[PDB]
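Student: Below, each chain spelled out in residue letters.
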Amino acid sequence: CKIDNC
Amino acid sequence: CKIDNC
Amino acid sequence: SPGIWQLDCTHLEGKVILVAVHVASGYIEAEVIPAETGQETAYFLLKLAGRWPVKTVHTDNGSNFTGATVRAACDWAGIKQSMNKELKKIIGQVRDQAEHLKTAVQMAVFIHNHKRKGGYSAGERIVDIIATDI
Amino acid sequence: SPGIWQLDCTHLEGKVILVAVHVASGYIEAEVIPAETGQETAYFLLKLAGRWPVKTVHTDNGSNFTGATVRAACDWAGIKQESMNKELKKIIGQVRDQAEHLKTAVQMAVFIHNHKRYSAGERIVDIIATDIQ
Ligand SMILES: [Cl-]
Ligand SMILES: [Cl-]
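Residue numbers (the authors' numbering), protein chains in the order written: chain C, 2 to 7; chain D, 2 to 7; chain B, 57 to 137, 153 to 189, 193 to 208; chain A, 57 to 137, 152 to 187, 194 to 209.
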């Protein structure tokens with residue numbers, strides 16, 4: 002879970 | 002002369 | 057509250073514009089984005105939250121808010137989850168001065184935020203409200 | 057002095073980042089742009105000038121400032137024409167793995183920079205508010 006791709 | 006292409 | 061913003065979308069020329077309004081002052085931040093997606097919406101909010109003290113952002117609660125990435129960005133940044156017409160009116164006044172819609176939008180933002188009657195502009199009102207709150 | 061900004065460029069992962077520093081407060085606006093061109097630089101400044109009361113922007117006076125487009129945008133908007155880059159790159163490196171795209175990591179760094187504790197974000201509003209008064 003990234004801040005731009007969760 | 003536009004604000005983005007002069 | 058000084059920390060409260062309203063986020064809406066509007067559409068011109070087949071493109072999407074997101075508009076964030078600081079509710080207490082009428083100050084706006086707006087951008088053309090490539091699609092009305094969670095990822096684009098999350099990025100716009102992350103950007104906003106870095107520039108102003110954003111506590112709550114009221115949104116339309118539509119398709120681009122139901123996913124994982126807005127929720128993750130908002131968590132990270134500590135954000136809890153007339154104007155469109157006005158802004159399109161100004162965009163129309165300047166549109167022919169720019170090749171690209173994005174430029175016209177930012178000219179409109181400038182106009183909107185710096186316009187004043189003699193009293194204050196929206197840019198002046200937002201700073202005055204946040205400073206009084208500090 | 058409230059109206060004075062410094063614009064610089066910095067480079068990471070083969071991309072270009074423009075950094076605008078409000079000199080009196082240390083508040084920053086930064087973003088990744090696709091190339092260090094007049095047109096991209098003009099658009100960044102136009103954006104900035106719509107958000108803050110920008111009187112004077114000090115630049116590096118390099119290749120992206122000699123052309124027609126920057127001049128036109130600054131005119132319109134009424135703008136007259152290393153620690154920080156290093157600081158911002160440091161923060162970017164701390165968050166980088168939390169984002170797919172560099173652009174996200176930059177805005178996380180902006181957030182951190184501006185809100186770290194007064195904060196820079198608090199200082200800029202205080203300085204501008206005192207000026208309007
Ligand atoms: Cl929306
Ligand atoms: Cl530069």
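If you're looking for bench data, these hints aren't it; they were derived computationally from the structure. Even for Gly, the Cβ is constructed at its ideal location relative to N, Cα and C. Among the clues, some could well be false.
So the derived list for chain A, only partly shown, Cβ under 7 Å to chain B, looks like this [unchecked claim]:
no., residue
1, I60
2, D64
3, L68
4, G106
5, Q177
6, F181
7, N184
8, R187
9, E198
Dumping the calculated SDA-like pairs for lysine to any residue here, alpha-carbon to alpha-carbon at most 20 Å [said to hold, decoys possible]:
no., chain 1, residue 1, chain 2, residue 2
10, A, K111, C, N6
11, A, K156, A, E69
12, A, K173, A, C65
13, A, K156, A, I208
14, D, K3, A, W132
15, B, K186, A, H185
16, D, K3, A, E92
17, A, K186, B, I135
18, B, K173, A, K186
19, C, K3, A, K173
20, A, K186, B, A133
21, B, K111, A, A196
22, C, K3, B, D131
23, A, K156, A, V72
24, A, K111, A, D207
25, B, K156, B, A128
26, A, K173, B, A128
27, D, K3, B, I135
28, B, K186, A, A133
29, A, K159, B, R107
30, A, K173, B, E92
31, B, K186, A, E69
32, A, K111, A, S57
33, A, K159, A, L68
34, A, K173, B, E87
35, B, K188, A, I208
36, A, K71, A, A196
37, C, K3, B, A133
38, B, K188, B, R166
39, A, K173, B, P90
40, B, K188, A, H185
Student: It remains to establish, for every hint, whether it holds in the given structure.
Tutor: Consistency of the hints with the structure:
Given hint, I60 of chain A at the interface with chain B, is violated; its Cβ is 16 Å from that chain's nearest Cβ, farther than 7 Å. Taking 7 Å as the C-beta contact cut-off toward chain B, the hint placing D64 of chain A at the interface is violated, the least distance being around 18 Å. Annotation: interface hint on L68 of chain A violated; nearest CB of chain B at approximately 18 Å, more than 7 Å. Hint status for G106 of chain A relative to chain B: holds, with the closest Cβ pair at about 4 Å, below 7 Å.
Because the beta carbon of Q177 of chain A sits about 5 Å from the nearest beta carbon in chain B, less than 7 Å, this interface hint is met. Evaluation of the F181 of chain A hint against chain B yields a held restraint, the C-beta minimum of about 4 Å falling below 7 Å. Using the Cβ-Cβ criterion of 7 Å, the hint placing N184 of chain A at the interface with chain B is satisfied: the shortest such distance is roughly 6 Å. The criterion of a C-beta within 7 Å of any C-beta in chain B is not met by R187 of chain A, whose closest approach is roughly 12 Å, and the hint is violated.
For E198 of chain A, the interface hint holds, since its Cβ comes within 7 Å of a Cβ in chain B; the closest pair sits about 5 Å apart. Distance check on the hinted pair: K111 of chain A and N6 of chain C sit about 38 Å apart at the alpha-carbon level, beyond 20 Å; violated. Distance hint between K156 of chain A and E69 of chain A is fulfilled; the C-alpha atoms sit about 15 Å from each other, no more than 20 Å. Under the criterion of a C-alpha separation no larger than 20 Å, the hint pairing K173 of chain A with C65 of chain A is consistent with the structure, at around 14 Å.
Between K156 of chain A and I208 of chain A the alpha-carbon distance is near 33 Å, which puts this suggested pair outside the 20 Å criterion. At roughly 10 Å between alpha-carbon atoms, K3 of chain D and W132 of chain A fall within 20 Å of each other, so this suggested pair holds. Restraint check: the Cα-Cα separation between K186 of chain B and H185 of chain A comes to about 28 Å, which exceeds 20 Å; the hinted pair is violated. Our distance criterion of 20 Å between C-alpha atoms is met by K3 of chain D and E92 of chain A, whose separation comes to about 19 Å.
Using a Cα cut-off of 20 Å, the hinted pair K186 of chain A and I135 of chain B holds, with the two alpha carbons roughly 16 Å apart. Taking the CA atoms of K173 of chain B and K186 of chain A, the gap is near 31 Å; set against the 20 Å cutoff, the hint is violated. The straight-line distance between the Cα atoms of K3 of chain C and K173 of chain A is roughly 13 Å, inside the 20 Å bound, and the hint therefore holds. For the proposed pair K186 of chain A and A133 of chain B, the alpha carbon gap of about 13 Å is at most 20 Å, so the pair holds.
Note on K111 of chain B and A196 of chain A: the hinted pairing holds, with a Cα-Cα distance of about 17 Å set against a maximum of 20 Å. Between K3 of chain C and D131 of chain B the CA atoms are separated by roughly 12 Å; this keeps the pair inside 20 Å, and the hint holds. Proposed proximity of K156 of chain A and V72 of chain A is supported: the alpha carbons are some 14 Å apart, at most 20 Å. For a cut-off of 20 Å, the pair hint linking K111 of chain A to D207 of chain A stands: about 13 Å separates their Cα positions.
A distance of roughly 31 Å separates the Cα atoms of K156 of chain B and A128 of chain B; the hinted pair therefore is violated under the 20 Å criterion. Straight-line distance between C-alpha atoms of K173 of chain A and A128 of chain B comes to about 16 Å, which keeps the hinted pair within the 20 Å bound. For a cut-off of 20 Å, the pair hint linking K3 of chain D to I135 of chain B is broken: about 38 Å separates their Cα positions. A C-alpha spacing of about 13 Å is found between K186 of chain B and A133 of chain A, which places the hinted pair at or below 20 Å, so the restraint holds.
For the suggested pair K159 of chain A and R107 of chain B, the alpha carbons sit about 18 Å apart, so the restraint of at most 20 Å is met. Between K173 of chain A and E92 of chain B the CA atoms are separated by roughly 18 Å; this keeps the pair inside 20 Å, and the hint holds. Between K186 of chain B and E69 of chain A the alpha-carbon distance is near 40 Å, which puts this suggested pair outside the 20 Å criterion. Restraint check for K111 of chain A and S57 of chain A: satisfied, since their Cα atoms lie roughly 9 Å apart, inside the 20 Å limit.
Of the supplied pair hints, the one linking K159 of chain A and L68 of chain A holds, its CA atoms being roughly 8 Å apart against a limit of 20 Å. Taken as a hint, the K173 of chain A and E87 of chain B pair is honoured in the structure, with Cα atoms around 15 Å apart against an allowance of 20 Å. Restraint check: the Cα-Cα separation between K188 of chain B and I208 of chain A comes to about 15 Å, which is no more than 20 Å; the hinted pair holds. The straight-line distance between the Cα atoms of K71 of chain A and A196 of chain A is roughly 26 Å, outside the 20 Å bound, and the hint therefore fails.
For a cut-off of 20 Å, the pair hint linking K3 of chain C to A133 of chain B stands: about 13 Å separates their Cα positions. Proposed proximity of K188 of chain B and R166 of chain B is contradicted: the alpha carbons are some 24 Å apart, above 20 Å. About 15 Å separates the Cα atoms of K173 of chain A and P90 of chain B, which keeps this hinted pair within 20 Å; it holds. For a cut-off of 20 Å, the pair hint linking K188 of chain B to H185 of chain A is broken: about 33 Å separates their Cα positions.
This entry does not satisfy hints 1, 2, 3, 8, 10, 13, 15, 18, 25, 27, 31, 36, 38, 40, going by the numbered hints stated previously.
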